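Just one chain is shown here, as structure tokens, and it is the form deposited without the partner chain.
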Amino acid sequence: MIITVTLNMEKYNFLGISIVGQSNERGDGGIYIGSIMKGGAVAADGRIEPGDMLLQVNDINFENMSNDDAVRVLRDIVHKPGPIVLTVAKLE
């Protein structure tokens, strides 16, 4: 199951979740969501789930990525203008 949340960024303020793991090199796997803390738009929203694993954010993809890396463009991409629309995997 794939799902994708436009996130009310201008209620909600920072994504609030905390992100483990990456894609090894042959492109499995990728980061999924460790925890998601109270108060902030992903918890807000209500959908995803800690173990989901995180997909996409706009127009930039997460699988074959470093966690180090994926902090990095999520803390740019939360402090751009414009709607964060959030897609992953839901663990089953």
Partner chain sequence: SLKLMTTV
Second form
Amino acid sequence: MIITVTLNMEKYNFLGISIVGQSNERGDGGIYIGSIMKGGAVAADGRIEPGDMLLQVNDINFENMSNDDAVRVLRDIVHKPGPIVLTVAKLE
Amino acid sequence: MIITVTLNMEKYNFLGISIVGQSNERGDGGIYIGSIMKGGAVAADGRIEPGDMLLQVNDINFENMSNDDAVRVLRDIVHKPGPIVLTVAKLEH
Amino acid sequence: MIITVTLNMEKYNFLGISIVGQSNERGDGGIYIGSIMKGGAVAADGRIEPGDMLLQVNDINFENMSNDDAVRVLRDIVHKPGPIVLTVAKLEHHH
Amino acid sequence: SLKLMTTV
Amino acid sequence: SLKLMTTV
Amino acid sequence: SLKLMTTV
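What's the form deposited with the partner chain bound like, now that we've got the form deposited without the partner chain?
Shown next: the complete complex, the earlier chain at its head.
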């Protein structure tokens, strides 16, 4: 199940999520929401949950990036004022 | 040490604060400022800060009301156009 | 939810936290983080937020000190060298 | 105890 | 009520 | 093998 939530950073200081990265022996499995801060923008929207996988931010796909580069992108985008769109995979 | 404040919501879309409440079951708590996001109304003013305790807004007076009602009042007032004037007690040292 | 953090007091020289005390007609509420300053070891970790309750530092448990003794002990510990581990209970919600 | 109530 | 304790 | 990367 892949959702797309849109968030207002006007109303909040942070997304409020910790980011957890899995890696195999080859390399990367990807990056996921490890815990949710109340308090932030994400818990305020309620739809993402711990364990979900983060596929794309703002039209930028993390699908083949390394864990680290995707977390760079992610940080580079959050640091900007503006709405932020997340595409994530629900944990089944 | 109180202090009061008007926020021309004309340059803004919201106050820029989150609220936190202490149970005042029979413990008269009330609601406090939790944090202040930047570029919201309260920050531009910079005069209010974490844990000031919120006492009235725009003519209504939060002291004898439950936390929820207070909170309800604040959101309605926030949603309607118009200055908005808070009055809040400074956290004590 | 309970969380446990480790701060590197190597790079940072201070935590960057204010401490707010809850006290009531009983006064044992506990101590919480009020704000967090950019520039300190807490902001650099990301985990803690205002309103988090502080439970224990390096070992010392604060759940049954007075507010004034739990801070007396926090002050002494940031006043010494060494890593600082914190554990906190995170703020809740629902009305 | 303190609890988050909303951001406005 | 609450009061500032220090800052560290 | 999980690693915490950052938070935002």
